[PDB]
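Protein chains: 2
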Amino acid sequence: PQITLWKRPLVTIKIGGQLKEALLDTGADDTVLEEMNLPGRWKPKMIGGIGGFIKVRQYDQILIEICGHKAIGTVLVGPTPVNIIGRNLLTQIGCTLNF
Amino acid sequence: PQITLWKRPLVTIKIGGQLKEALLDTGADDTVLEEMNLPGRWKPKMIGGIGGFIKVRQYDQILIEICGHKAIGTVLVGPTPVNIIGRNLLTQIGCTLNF
Ligand SMILES: CC[C@H](C)CN(C[C@@H](O)[C@H](Cc1cc(F)cc(F)c1)NC(=O)O[C@H]1CO[C@H]2OCC[C@H]21)S(=O)(=O)c1ccc([C@H](C)O)cc1
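Here the protein sequences come in this chain order: B and A. All residue numbers for the first sequence refer to the entry's author numbering, where the first residue is 1 and numbers rise by one. All residue numbers for the second sequence refer to the entry's author numbering, where the first residue is 1 and numbers rise by one.
Treat the hints with care, since some could be wrong.
Since the list can't tell identical chains apart, any single copy or any two copies may satisfy a pair.
Below, in silico cross-link-like pairs of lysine-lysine (BS3-like), each with a Cα-Cα straight-line distance of 30 angstroms or less [claimed, not checked]:
#1 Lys-45 / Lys-70
#2 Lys-7 / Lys-43
#3 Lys-20 / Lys-7
#4 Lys-70 / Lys-7
#5 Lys-55 / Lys-7
#6 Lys-43 / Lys-14
#7 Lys-43 / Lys-20
#8 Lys-70 / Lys-43
Treat the hints as calculated values from the structure; they're not laboratory data.
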């Protein structure tokens, strides 16, 4: 699907058997999700954005179905105000910017 | 132009007679630029991100030439780590996400 940007590009994702809505973010290099419970072992990490830095838990090789498109990659879980789909997963489902 | 997301979607912008590089950010509702001077009267505002919040100066009806595509809209200037082109200006240049 082609997505115009007159509204926030929110899509429905399926991660760990849970349904959530996430923001297709071309300005994000990696995926960051709000607090949730994810299987497996994680490693602590600190990511930076506007306003400073937050502590997140890095989960590797996590499957996500983004708007019916499957992808596996690293997912960061932490106090993000909004669920974000970063470029690490956008490239797997073949997303492009066109103008 | 079609832009893949394997690298940061950076574009050359022309704003206030100055040349800068900015990130086409679909995850940003507003355009946020590092410190500079623009015309007209401004009003203070505070915007939030992953790490918290930063104080910005809201400038309205500001012209920006993004990769040769002109657009006028609100531009926020403040201590952002990276120049961000938000959806307020992406819609003006006809930007879409495609997968
Ligand atoms: C350094 C370049 C960018 C600042 C990186 N960011 C992506 C941006 O798209 C971000 C998305 C966003 C949307 C949102 F609603 C809440 C929120 F907290 C974050 N936009 C943003 O801050 O927008 C501002 C301005 O407009 C306003 O509207 C919405 C909020 C305000 S990031 O999220 O910091 C980030 C993500 C992933 C990684 C991985 C580890 O690589 C690192 C860093």
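Hints, verified against the model:
| no. | hint | in the structure |
| --- | --- | --- |
| 1 | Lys-45 / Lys-70 | within (25 angstroms within a copy, 39 angstroms between copies) |
| 2 | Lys-7 / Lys-43 | between (34 angstroms within a copy, 25 angstroms between copies) |
| 3 | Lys-20 / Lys-7 | both (18 angstroms within a copy, 26 angstroms between copies) |
| 4 | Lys-70 / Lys-7 | both (24 angstroms within a copy, 20 angstroms between copies) |
| 5 | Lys-55 / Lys-7 | both (29 angstroms within a copy, 24 angstroms between copies) |
| 6 | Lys-43 / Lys-14 | within (22 angstroms within a copy, 41 angstroms between copies) |
| 7 | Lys-43 / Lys-20 | within (23 angstroms within a copy, 36 angstroms between copies) |
| 8 | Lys-70 / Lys-43 | within (24 angstroms within a copy, 44 angstroms between copies) |
Hint compliance for this structure: no hint is broken.
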